[PDB]
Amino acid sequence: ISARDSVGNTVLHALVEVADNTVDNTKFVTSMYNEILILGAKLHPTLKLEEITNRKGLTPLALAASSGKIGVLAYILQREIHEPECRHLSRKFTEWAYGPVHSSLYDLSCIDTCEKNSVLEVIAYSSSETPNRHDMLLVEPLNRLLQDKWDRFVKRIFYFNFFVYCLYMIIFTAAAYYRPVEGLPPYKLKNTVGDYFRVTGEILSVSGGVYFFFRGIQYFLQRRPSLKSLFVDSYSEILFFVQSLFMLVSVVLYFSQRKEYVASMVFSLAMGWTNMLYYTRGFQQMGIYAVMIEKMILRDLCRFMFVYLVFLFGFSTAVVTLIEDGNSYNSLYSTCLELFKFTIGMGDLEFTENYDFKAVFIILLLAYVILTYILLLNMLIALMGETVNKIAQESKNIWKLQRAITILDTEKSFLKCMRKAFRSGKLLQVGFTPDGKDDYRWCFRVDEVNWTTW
């Protein structure tokens, strides 16, 4: 029963690799897993079948979590076995019942603190290849465990980080606003107190930038994201890293006596403020709003802007060719800009007279207006409405993932401050092992009231 194949998969691992998350498949695989587990316990009480690992080091539970098999994962996490001969195999227990009320216990053996591959760590840190990682956290124990971790200690840390980032952005804004304008950099210091404050702000800004640089580096090293996972998943890390890059380039140009550094700085500044939006994930409504913003950017703007740019460039080339210029609108950039103005409600239908045929010019402009302003923009609004109607629940699930990742990252960072002081659940005696010893587990109690059962 403990035999391993070439890859190291055991019968349990094989069942897990089989499942495709179909209802019939899920029921059949769960039944087969339960039967095999019970039979093995009857045959070999001493041996542990779930502890066995494949060549990759993944247990059946971790394998199901990594592979996206929500049905098998849900079955395992909530497994209950009422057989007196083998109750140790179950993960879910009823501590007591006061009639309508009931108190249950969950195991957390490798949900939270498992040394190598914790299930939570595995789900949050996935690469999106899995079909459904958003719905995985919805199972009963994980959701409540994460919320407990959030309400206990991570919320205050997140709020502190948000406050610090706000301060940093304010310092950067003030320092950039009062930059010197006379001469070339670097600028000589003065005994003026305001100059000392300005220099202090500059130094703090640079320090924050290099800090974000190194944090992005360590994220890349630690998470070893794939190229796709780099493009599709880690948007915030990339944005913060790019902001830091702009700052560092600004420093380089500043000490290289070039004046272009301002450019870099301003971009960084702008992006910084936008990146404040990252902190909307500590709040449910605003986090869901920001998820919606992300989805709209990815889908609707991308499509609309492809088409709009095609049309704009075509009509701009036509208009510029028509123009003779015999002021100076005979430029592609100027004409593209003048036609873009129609989109923000500031279009002049008479922005030049340097042409030989007025009807052609007018016709082209009105075709452009009808195609972009009256059709494409309102069409975009419609599509946004459809998408909003569609992504009500996916946005909440993605927000829950984002918060979970935040929780895990914070909990890792503050190992030194508290390695195991903030540990979830409590150590409780559950029963007796068939060997006769006590059974002590790190359980997570839940209270549930059922009127129907009585």
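For clarity, a rigid core is taken as the largest C-alpha set superposing within 1.5 Å between two forms. Residue numbers count along the first chain shown, from 1. What changes on going to the form deposited in another entry:
Here the rigid core is superposed between the two forms, and of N161, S207, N378, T274 the C-alpha of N378 is the only one to shift by 2 Å or more. Core-aligned CA deviation for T387 between the two forms: 2 Å or greater.
In the core-superposed comparison between the two forms, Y333 has its Cα shifted by less than 2 Å. When two forms of a protein are overlaid on their rigid core, residues whose CA moves 2 Å or more are considered shifted, and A124 is not one of them between the two forms.
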Given for the second form:
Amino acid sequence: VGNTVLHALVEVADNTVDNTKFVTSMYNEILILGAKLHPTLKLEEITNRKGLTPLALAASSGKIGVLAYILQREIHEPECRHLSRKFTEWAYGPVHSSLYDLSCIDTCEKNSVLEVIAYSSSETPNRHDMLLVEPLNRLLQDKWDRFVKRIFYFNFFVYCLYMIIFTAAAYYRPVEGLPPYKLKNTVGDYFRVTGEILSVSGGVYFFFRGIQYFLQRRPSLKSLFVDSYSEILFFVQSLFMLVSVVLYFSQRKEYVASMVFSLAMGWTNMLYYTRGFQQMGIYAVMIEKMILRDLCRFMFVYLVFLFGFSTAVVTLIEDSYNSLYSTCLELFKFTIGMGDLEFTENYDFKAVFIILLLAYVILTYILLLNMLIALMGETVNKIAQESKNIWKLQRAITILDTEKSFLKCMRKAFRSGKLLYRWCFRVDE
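What I would like now is the form deposited in another entry, since the data block earlier showed the form deposited in one PDB entry; can you produce it?
Excluded here are partners and other molecules; the one chain stands alone.
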């Protein structure tokens, strides 16, 4: 297959206890023997065919036990010490000054651990808990507090400012016919056009960030939304903004129709930032999961009921209200507690009409919505814990993005290590 044994050791694991201990054993034996035989050449550096070291492979596939072992390897023996992943400085009883190597964790130049674990395919079974392995959890916490937190809040703040400017520009849009509109020398219009230009500028910036994202990642349609959800939403916002520009200069009023959707998305995309706050990000996570997972089925069923009874009632009535659309709305309104239940007298067979509406109300307003709540009930009872960590996963994503951009034309964003050397990082735990 073109891979070394150490990768196959990764492939054969399954995160069970017996399996974990056995794979630990094989790692131990092969690493010590290889050290004794080829002390010049290091094995764990050697990549598989896809350019991943065994560490990154365990990270990529969700093999938490192997990964935990490899990150937690101390070698303190003659002629083997150089292969250690951690050491201990201070051997106090309750607390240890542990010291970890960061090789191929942030700097790998092919695929680092945070890269492969963070940007895995979403099938990776353990990406939620896998960051709780001590050195990674510690690094993300350190990077968060140290420099990324402030930049993230700045990004959130500037997004808020962008949205305030966009909202202000949109709300005070000119009302004349036939865009584009002449800038009047009054300062109010100067601010308006400035706001519009900044609004579009934000649109273009998000557009290009989205393109860079999809070009780098090349996600597939079958999993375009399971991952990459936020980026799609920002990208789509920008798409609507740009369409609004095109219509705005194409002498179409319809640009408003585009802008407002962008504006609506422009605001709701703020929830992207609430992700990464454990206290307040759970709603954004759960809205993502519900829309992607759960809305499709409920809304197919609901639309079957709405449409079926809608066409029943519109068939029944004859003569206002005679359109399928109007009756679709009138029957929708039962869902929002404003259904009139005798909204037309222009029809025949009152008993039929009322029986239909009562059947509709019982079927949706009572039966369907409660089953939605029932399913969500069992599910959330099962998956609150998984959302509570996918918060952390998105925080890791935020940190990786933050390091990638950094906007100084330099690489002085290192984490730690001031003592002889492979970028040691110290945890007192």
